[PDB]
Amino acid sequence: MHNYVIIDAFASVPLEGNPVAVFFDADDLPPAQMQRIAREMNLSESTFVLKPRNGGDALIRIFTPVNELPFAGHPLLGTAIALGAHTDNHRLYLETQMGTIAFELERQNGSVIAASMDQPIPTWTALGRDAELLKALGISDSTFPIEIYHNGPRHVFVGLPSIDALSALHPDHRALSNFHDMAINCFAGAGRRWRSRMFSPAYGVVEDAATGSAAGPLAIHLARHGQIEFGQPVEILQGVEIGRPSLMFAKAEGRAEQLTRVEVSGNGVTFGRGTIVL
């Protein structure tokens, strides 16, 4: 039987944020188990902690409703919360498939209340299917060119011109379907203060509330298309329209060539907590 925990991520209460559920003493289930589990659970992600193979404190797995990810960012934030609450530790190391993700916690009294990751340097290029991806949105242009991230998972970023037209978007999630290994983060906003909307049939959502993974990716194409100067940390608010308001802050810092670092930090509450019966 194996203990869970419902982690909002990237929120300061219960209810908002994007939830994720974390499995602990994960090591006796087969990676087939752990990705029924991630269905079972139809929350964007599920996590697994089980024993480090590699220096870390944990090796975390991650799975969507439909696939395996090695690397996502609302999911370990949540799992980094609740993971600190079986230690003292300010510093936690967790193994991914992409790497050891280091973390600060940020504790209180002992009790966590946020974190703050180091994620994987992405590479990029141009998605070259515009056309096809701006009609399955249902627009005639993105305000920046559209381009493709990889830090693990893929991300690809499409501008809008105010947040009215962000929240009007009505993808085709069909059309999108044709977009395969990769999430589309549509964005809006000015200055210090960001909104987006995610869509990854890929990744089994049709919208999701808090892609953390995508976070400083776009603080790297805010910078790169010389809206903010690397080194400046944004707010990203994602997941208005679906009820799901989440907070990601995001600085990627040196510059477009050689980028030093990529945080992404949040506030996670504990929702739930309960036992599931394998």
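Throughout, rigid core stands for the largest set of C-alpha atoms superposing within 1.5 Å between the two forms. Numbering follows the first chain given and starts at 1. First, how it differs from the form deposited in another entry.
Of the residues 43, 234, 223, 237, exactly one exceeds or equals a 2 Å C-alpha shift between the two forms once the rigid core is aligned, and that residue is 43. Superposition on the rigid core between the two forms places the CA atom of residue 26 2 Å or more away from its counterpart. After superposing the rigid core, the C-alpha of residue 253 moves by less than 2 Å between the two forms.
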The other form holds:
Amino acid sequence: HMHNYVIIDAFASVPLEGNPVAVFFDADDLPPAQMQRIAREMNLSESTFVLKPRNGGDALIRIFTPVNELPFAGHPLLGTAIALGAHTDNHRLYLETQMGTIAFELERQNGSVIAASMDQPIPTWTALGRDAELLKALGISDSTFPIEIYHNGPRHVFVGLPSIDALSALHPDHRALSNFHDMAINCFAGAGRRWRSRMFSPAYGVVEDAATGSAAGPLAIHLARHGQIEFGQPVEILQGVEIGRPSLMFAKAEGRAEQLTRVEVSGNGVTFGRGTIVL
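Just the form deposited in one PDB entry so far, so send over the form deposited in another entry.
What follows is just the one chain, with no partners and no other molecules.
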């Protein structure tokens, strides 16, 4: 009959920062075709729907862009966990997805969930093998570190820049980037614990994304493989600064490249708005 929803800015503690997701509660009465139409109506990068669990978790989450269902997504699931924290006292939340059950640790102050940490799927990776084409599209001559593409659901390519100022100076040819299908292009720069990122993806319908949570785990692996951090070291990844949606993602990859045991991504989230829809 009606559904309540909230809009969460994921990877932010301040509204209008981070990356929005709409979260719809009590969605068991909605067929998937209707969920898809609602996600299209909202037009946010994703809308999620909270359903009763089917495999022993706390809830089953379905994730929709305006056009299609996704089996996994980073900031939408973080935002969903933070939104659901308003309706449970549990310290941990087990959210079922198409790719299995993901564990979230919820962080509260006086009953309000302000942040969460999630396990992520362990990615696979290989060289992209299209370096000259991609570098030309980005407008630069070379990457710092190897140009590799990671898969954890989505696909994420990483191109390294020699300084944060060089990262901010990028002005990619988005028409040229559109020849890179079913992937996002993540450009990064930094040192030690602190990194900056920018993400561009014609394939995923975004000129430049504010906070690409599914890329944060892969970036931690990339930095560790290429000697910039150790495995097991947390990194801070600040994305979206140039577009006015600063987003802070934290990530850690445990183990070694050949035997990764855990990939964790965490961030703050904040409620931008709350409402009810008429169906």
